[PDB]
Amino acid sequence: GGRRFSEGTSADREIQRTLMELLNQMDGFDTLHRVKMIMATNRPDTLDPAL
Amino acid sequence: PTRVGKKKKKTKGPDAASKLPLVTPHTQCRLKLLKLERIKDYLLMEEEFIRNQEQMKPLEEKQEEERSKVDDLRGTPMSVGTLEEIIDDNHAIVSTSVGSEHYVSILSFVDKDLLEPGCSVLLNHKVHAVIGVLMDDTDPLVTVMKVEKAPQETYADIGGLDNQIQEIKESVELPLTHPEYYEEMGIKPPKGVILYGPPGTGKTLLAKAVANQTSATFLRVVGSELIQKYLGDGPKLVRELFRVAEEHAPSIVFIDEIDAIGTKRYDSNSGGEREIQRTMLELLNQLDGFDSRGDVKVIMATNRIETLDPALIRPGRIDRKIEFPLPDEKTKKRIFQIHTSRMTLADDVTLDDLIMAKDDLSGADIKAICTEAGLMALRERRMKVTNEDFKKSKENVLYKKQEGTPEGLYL
Amino acid sequence: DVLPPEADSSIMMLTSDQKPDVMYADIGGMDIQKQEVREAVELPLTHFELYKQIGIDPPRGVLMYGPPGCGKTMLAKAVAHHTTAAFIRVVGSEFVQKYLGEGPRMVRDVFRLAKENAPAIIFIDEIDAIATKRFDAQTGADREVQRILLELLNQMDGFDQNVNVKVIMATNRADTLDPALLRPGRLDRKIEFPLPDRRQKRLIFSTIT
Amino acid sequence: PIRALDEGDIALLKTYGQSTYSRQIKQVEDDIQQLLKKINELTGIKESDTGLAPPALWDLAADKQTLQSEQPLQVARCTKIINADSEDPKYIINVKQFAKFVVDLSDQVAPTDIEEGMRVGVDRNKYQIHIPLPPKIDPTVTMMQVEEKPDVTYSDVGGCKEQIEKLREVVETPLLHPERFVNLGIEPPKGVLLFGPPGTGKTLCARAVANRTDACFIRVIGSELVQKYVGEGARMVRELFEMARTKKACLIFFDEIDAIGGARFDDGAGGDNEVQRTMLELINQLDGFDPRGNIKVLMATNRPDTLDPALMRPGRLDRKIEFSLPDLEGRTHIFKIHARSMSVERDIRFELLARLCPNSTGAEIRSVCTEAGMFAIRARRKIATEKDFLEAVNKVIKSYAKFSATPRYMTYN
Amino acid sequence: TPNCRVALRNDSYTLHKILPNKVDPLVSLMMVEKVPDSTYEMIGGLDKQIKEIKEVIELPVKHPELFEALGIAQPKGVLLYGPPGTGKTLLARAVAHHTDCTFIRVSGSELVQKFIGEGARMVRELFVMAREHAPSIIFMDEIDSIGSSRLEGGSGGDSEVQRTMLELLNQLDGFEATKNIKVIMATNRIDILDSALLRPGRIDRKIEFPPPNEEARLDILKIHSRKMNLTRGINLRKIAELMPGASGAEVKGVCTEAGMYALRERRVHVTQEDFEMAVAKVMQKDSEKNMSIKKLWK
Amino acid sequence: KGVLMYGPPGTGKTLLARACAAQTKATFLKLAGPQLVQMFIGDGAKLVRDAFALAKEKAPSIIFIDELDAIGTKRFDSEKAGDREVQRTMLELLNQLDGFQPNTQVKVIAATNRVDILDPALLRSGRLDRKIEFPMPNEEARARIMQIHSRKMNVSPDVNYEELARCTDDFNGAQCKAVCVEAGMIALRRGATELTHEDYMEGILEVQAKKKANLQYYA
Ligand SMILES: Nc1ncnc2c1ncn2[C@@H]1O[C@H](COP(=O)(O)OP(=O)(O)OP(=O)(O)O)[C@@H](O)[C@H]1O
Ligand SMILES: Nc1ncnc2c1ncn2[C@@H]1O[C@H](COP(=O)(O)OP(=O)(O)OP(=O)(O)O)[C@@H](O)[C@H]1O
Ligand SMILES: Nc1ncnc2c1ncn2[C@@H]1O[C@H](COP(=O)(O)OP(=O)(O)OP(=O)(O)O)[C@@H](O)[C@H]1O
Ligand SMILES: Nc1ncnc2c1ncn2[C@@H]1O[C@H](COP(=O)(O)OP(=O)(O)OP(=O)(O)O)[C@@H](O)[C@H]1O
Ligand SMILES: Nc1ncnc2c1ncn2[C@@H]1O[C@H](COP(=O)(O)OP(=O)(O)O)[C@@H](O)[C@H]1O
Ligand SMILES: [Mg+2]
Ligand SMILES: [Mg+2]
Ligand SMILES: [Mg+2]
Ligand SMILES: [Mg+2]
Ligand SMILES: [Mg+2]
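Line by line, the protein sequences are chains E, B, D, A, C and F. Here the entry's author numbering is used: position 7 in the first sequence is 245, and no number is missing along the way. Here the entry's author numbering is used: position 42 in the second sequence is 71, and no number is missing along the way. Here the entry's author numbering is used: position 125 in the third sequence is 265, and no number is missing along the way. Here the entry's author numbering is used: position 74 in the fourth sequence is 94, and no number is missing along the way. Here the entry's author numbering is used: position 170 in the fifth sequence is 278, and no number is missing along the way. Here the entry's author numbering is used: position 127 in the sixth sequence is 347, and no number is missing along the way.
What the hints contain is simulated information worked out from the structure, not anything from laboratory work. We put the CB at the ideal spot given by N, CA and C, even for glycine. Hints are supplied without guarantee of correctness; some may be wrong.
Not the full set, but computed from the structure, chain F residues with beta-carbon under 10 Å of chain A [what the hints assert, rightly or not]:
| # | residue |
| --- | --- |
| 1 | 254 |
| 2 | 255 |
| 3 | 272 |
| 4 | 429 |
Across the chosen pairs, the derived CB separations fall in these ranges [unchecked claim]:
| # | chain 1 | residue 1 | chain 2 | residue 2 | range |
| --- | --- | --- | --- | --- | --- |
| 5 | A | 153 | F | 350 | 40 to 50 Å |
| 6 | B | 357 | F | 298 | 25 to 35 Å |
| 7 | B | 389 | C | 346 | 47 to 57 Å |
| 8 | E | 255 | D | 144 | 44 to 54 Å |
| 9 | D | 143 | F | 278 | 49 to 59 Å |
| 10 | B | 142 | F | 274 | 34 to 44 Å |
| 11 | C | 115 | D | 144 | 28 to 38 Å |
| 12 | C | 346 | B | 412 | 24 to 34 Å |
Pairs of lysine to any residue residues, derived as SDA-like cross-links and limited to a Cα-Cα distance of at most 25 Å, are as follows [claimed, not checked]:
| # | chain 1 | residue 1 | chain 2 | residue 2 |
| --- | --- | --- | --- | --- |
| 13 | D | 174 | C | 311 |
| 14 | A | 58 | B | 77 |
| 15 | B | 217 | A | 413 |
Chain E with its partners taken away, still in its complex shape:
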């Protein structure tokens, strides 16, 4: 809600506390029955290098 800049004010890992746990726990490593995820967004400024 609003904008996302680099690591200053509330433009922080609030995604990546969830996001790195998704690709761990949603599907792939922790999975059920070859469900498929489709990432789609047009903003990002901060991202994971391990992504």
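Following the hints, complete the assembly by docking chains B, D, A, C and F with the ligands onto the known chain E.
Chains B, D, A, C and F with the ligands alone, transformed into the frame defined by chain E:
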């Protein structure tokens, strides 16, 4: 009329302490053995006379039938209600805590002259009827702040501050004892007093000595005392604080550590900061805002003064600014003299050894020196205290303040 | 009657499908380091009589450090399979947040949940975030950063608090952080991770293929 | 190598030096403080007597009539009515705290005066309407209608010959001559803010117009708008802006509106939320649909920078009267106000005193006038001299305004 | 008593019994029930520091009539300071094992919680609960938190940290002076706590903890190697000279890691060679590389 | 079916909506922002849904909502209720607006002063969608409005409103009305019967509360 309501029918309750502050030998003399046994004589007789007072009462009538049925007319679990409006046909409307509102009657022996919407009343359960009216209705947070005891000694306790002792006496004691001087010039006495200066100087003592020798009542406020979390609970306690002081005696209010109650009133980004800032902005309103004040004096004290809100420093609110500087080489003698009153002092010592050689240290430092040197005598198996105690004590107390400020640039 | 309690509010207890998802022999050739972590955690948990045979008081905490991707979290996951403990993993980022006071209370929320429970393992994932004092903060909102360490020290080597609590931490370069953490009795173990060398590229290529 | 305590050496101390009067003086002080207690619980005379009338008048009631007013009398409640239906009662009634019933009328009612939205006395068992009520008036606006004159004449607001002139135009002149505005074709402003340094005379101008108003004047306590419950403060705004429409041309004075809302932000997702709901409700009953007509609003603040631009718009606050410091002619008039009612020497001049207060307020000038008489009580006099005031200027201003420029002054003469 | 709970009958709202144990939902952390903690004599080499604490805590409680006859006020403030790992918390637990008194443990960081005003007032409710157990000792953990410095206003520093600190500044030094309640504060960073609770009306004893001497490192080594089982031909004084300024708490780290070498050998025998390898393991350095920083700053 | 007004808070947001209620007969329903907040639980969603069911009973009825940012805020999690009824009033507005198909005849108008409070992804498609911003008057729109409000006075006919737009800058519509009100009373001070260009120039300085002396620099 001319004398409407005759001003709330209300007396004042002052303190009951200071029974006999005359123990003036101040040493193990037979006078203090004789004086205190006199105090034992009068209080035992005051005990035995009131013991005879509840003993020899052959009077029993127990209500002459009037209040006894009345005490049975009212319910035994007496409850507490709240008026909303007054329908004066002996059938009014009230409100409970939940807001259940009842067309109750007035079961009698209540004059309809001191009941107002807002005044809490007394109710029943079976018929919820108005039996009495609850008086004084103080929330038990302000009654904690009502001092009943004179804690310490009088102005002769502190070690010489007489230029500023005469200042605070002009605004507190002298207008209450002798207000005949002021009508000859029509000048109202000052109201607000700030005590400010470095820590350890005598701010808390000067309030306690006033609270000892007084005649009106006394209220203490410890800093962050009027701060709550319910967003309106903060400013609501301040209204009841000055309400109690106004309803009682022409008394004074001591609010200490007001550096946590004011800093320059800036606007910023935190939401809990504002209920802080709003409570501290209506204290401004109750103090010197709308029409009147009454005979309520306010004494305030900090360590730092420049970080305060300039709306509080202005006259009309506070008319006296009093510095408490660190002592000199003259009144410091009086500090060492008083704190060495009742200790066995060997004749080898000179008080002016530690005074003149070192010229930096507070009054609270000197009390620590006198206690530490007394511990050194028991440390090496002694009763009397010599110079060698004060040589080790003046070291051990002062090693808590850093080495220095700049090298020999200046000369 | 007293119901069976739950203590069920902030659950991170990897217990009983799913903690493990890995066996102990999956890691390729950390043989100095697989032996070293096992001495401080897995060995005193089962063979406690050996330490009492000498009077050792087995060590409390272990600090791992190395480059990002030398197999650090995998070793923590490998312990969680072949232990009988209550494994607790906590990322070092969800308590550096706003709402002044919530940060130090989340440290208390872990250990009150831990010391009420079984012999347990508390794996703090990263403290290459806040781990270093190194100055007196004459600012705002940096003493709140600084005091979470003070709360961490108070419930690590404060009072006794002894029985069967173990703390594992993992970072990058360890010269940055607080020397108050690095005294033994609090962080007894220091383990360095090389990348691989030769003979370790062979072992990881073997096990993956 | 320093240790000096062993239980045998304890018995050395408390026998050396006044073994005669040590406990002999001590337990006398001990049991008398015990006796301070034992008098207090033996008295027990607290006596919180209240509620009771003088016991010479209720004797007729509490003979049988009080017993006659227990069982036949009713504990009926009051409610509100939504509506009714034809040919039958079919009365739909709410409590707003309890449930909503559908009940019958009783026998003692006239079925005409059961209009909608009416407070009615309702039975406890079968919940029938018994007695209709007069409508509810708001209890706390009655508390803040002033009904009282504070005694400040316009002759005490000296130094402000033009700020009163601006303030006379808005408040007083349409209420006494509502002709020249229409007979030329203009409309008076309806909102005036007062801003400036503290202690300058904000409250005085509000206190003096409460004297000469001949109209409804409402002081409003600012922090009554802030409450504990959600939406309660916004409801207090509404009842204020309804009864003002009933009577004609009532004055409403707010004070320190810095407290009741200064800025609207949201970055940390929260904060002063409930304060904003009360503050925005104030705006929509100030401008918007249904303009208010004859309601004049006065506000005053010390920190005008930190206020919302939604209140800075004209149409809500139209005239920005500011208070400044009096130059010289203002201050010489102020000294003659605050020192005419005091015993002074009848030959002193005041223009020399107005020099030595360069940047001063009306509160600081009065503090000099009070302090100079305090020096006369330090000595033994009953009239003030010239040097009494000259020491008072150094006591008030020069003791706090300057300490480096007075001794080391030699750059300026 | 005012502000006291009672038992109320639901029959006729008649009073039944005064209920003790007044409202206090947050003394779970304070006044620890059990003390099977460490003993008094395993401190080992702080005897100057220990005997001063007897003068301020034991002596006024055991014998108050001495200060009556001598004619001085009694002390109540203790500060403990020094580098980390120098026996600051044993001395809290050693006193708490032998105090014969109420011991109230307060760590120095839970006075914050999350709402303004209630994060303060429980400190006032803390010390007034200490009046119930009328002799008491209250202890502070690590005041490098609240108690640091009155900074400026603005959107900097913190108000609420100061709001709690002013109550600590006043419940022991306000209008009402307390009796039979003693405080002990222990932290490093002596110069950055505030100069209003460091005044000698508040804290009377400031006690350092220097790193131990070679004679004192020997005695610390004898305590933790007591249950350790050494063979023969072994000199602790040579090992004590291998520590040029150790902390004292890291003597345990030598004692644990030397016995750890025997554990991996399935052995109970501990030689002197096991210690000399453990000295180089525990003792480390900063290892300041590249030397350009050093020679910019020669 | 969704029209939103936004802009600086002096441009005529409420002033525009009153004219649409004036000339049209189609059952105008005004509604304020903080009216939906009530003290007891669940009362706002009653007040939201009942008015929308009322405006559905009348066919041509349209609804105006002023200060939608009074409730249209970034929703945040809590533990002590507080805002945890406002979203139940907010989502009821969101559920009802997606509850009916976008046909006749219950068009909804909203207007705020600040956009950055509102929930942008919550409108986004078929909710309040049409952006009607109100910019500040440029030059001649200032000179038009000052001519509008000066219709009812005695203006001497040597006054050019273009000359007033030379010196008046960065004003909203309401401050342009405030110059017109204050200039009538300055002529009332000296008892003047009509206005002049000098009378407006002193009324300009009174809006931002200025005054002038002899500044002894300027000969
Ligand atoms: N002038 C004095 N004469 C005698 N005793 C003094 C004097 N000044 C200070 N003291 C000693 O100092 C103590 C009182 O402290 P003081 O009143 O200075 O606190 P304070 O000024 O409120 O300090 P802070 O501002 O740090 O709270 C007393 O115990 C008293 O013995
Ligand atoms: N122009 C003036 N003429 C005479 N007396 C004045 C003047 N200004 C102030 N005073 C005196 O100063 C005292 C305090 O002034 P007052 O509190 O009304 O100022 P204020 O601006 O209302 O303060 P605040 O801004 O804090 O509300 C008044 O009691 C009054 O006697
Ligand atoms: N003189 C000593 N004798 C025996 N053990 C000691 C000594 N000094 C430190 N220790 C050991 O140090 C540990 C206790 O730490 P300590 O009491 O020094 O707290 P601290 O390290 O000062 O606190 P912080 O970590 O905040 O500095 C215990 O394991 C204890 O055995
Ligand atoms: N374009 C315009 N034409 C005529 N008059 C205008 C114009 N703009 C503003 N005004 C005048 O300015 C005043 C402000 O208009 P309005 O009452 O709509 O405020 P607003 O801009 O909606 O304020 P907010 O947006 O803060 O609610 C109106 O009373 C109107 O008389
Ligand atoms: N020595 C190794 N043996 C087997 N797998 C490894 C090894 N090192 C890294 N990996 C793989 O690489 C990934 C590194 O993950 P992780 O340990 O979280 O990185 P980091 O070492 O930065 O914590 C793991 O998923 C693991 O499967
Ligand atoms: Mg003080
Ligand atoms: Mg990892
Ligand atoms: Mg004022
Ligand atoms: Mg410690
Ligand atoms: Mg509008």
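Evaluation of the interface hint that places residue 429 of chain F against chain A, nearest CB under 10 Å: Check passed: Cβ of residue 429 of chain F comes within 4 Å of chain A, closer than 10 Å.
Range agreement (Cβ of residue 278 of chain F with Cβ of residue 143 of chain D, hint 49 to 59 Å): holds (56 Å)
With a cut-off of 10 Å, does the beta carbon of residue 272 of chain F approach a beta carbon of chain A closely enough for the hint to hold? violated (19 Å)
Okay, residue 346 of chain C versus residue 412 of chain B on CB: inside 24 to 34 Å? violated (49 Å)
Within 25 Å, alpha carbon to alpha carbon, are residue 217 of chain B and residue 413 of chain A? holds (18 Å)
Could you check the hint for me, namely that residue 115 of chain C and residue 144 of chain D are 28 to 38 Å apart, CB to CB? With a Cβ separation near 30 Å, residue 115 of chain C and residue 144 of chain D satisfy 28 to 38 Å, so the hint holds.
Between residue 389 of chain B and residue 346 of chain C, does the beta-carbon spacing fit 47 to 57 Å? holds (49 Å)
Can you confirm whether the C-alpha distance between residue 174 of chain D and residue 311 of chain C stays at or below 25 Å? Judged against 25 Å, a Cα distance of about 51 Å means the pair is violated.
State, for the Cβ atoms of residue 255 of chain E and residue 144 of chain D, whether the hinted interval 44 to 54 Å holds or is violated. For residue 144 of chain D against residue 255 of chain E, whose Cβ atoms are near 32 Å apart, the range 44 to 54 Å is violated.
Restraint status (C-alpha distance of residue 58 of chain A to residue 77 of chain B at most 25 Å): holds (11 Å)
Using the Cβ atoms, figure out if residue 142 of chain B sits within 34 to 44 Å of residue 274 of chain F. The hinted range 34 to 44 Å is violated for residue 142 of chain B and residue 274 of chain F, with Cβ atoms some 49 Å apart.
Take the C-beta atom of residue 357 of chain B and the C-beta atom of residue 298 of chain F, compute their distance, and say whether it sits inside 25 to 35 Å. Given range 25 to 35 Å: violated, Cβ gap about 58 Å.
Hints 3, 6, 8, 10, 12, 13 from the earlier list are contradicted by this structure; the remaining hints agree with it.
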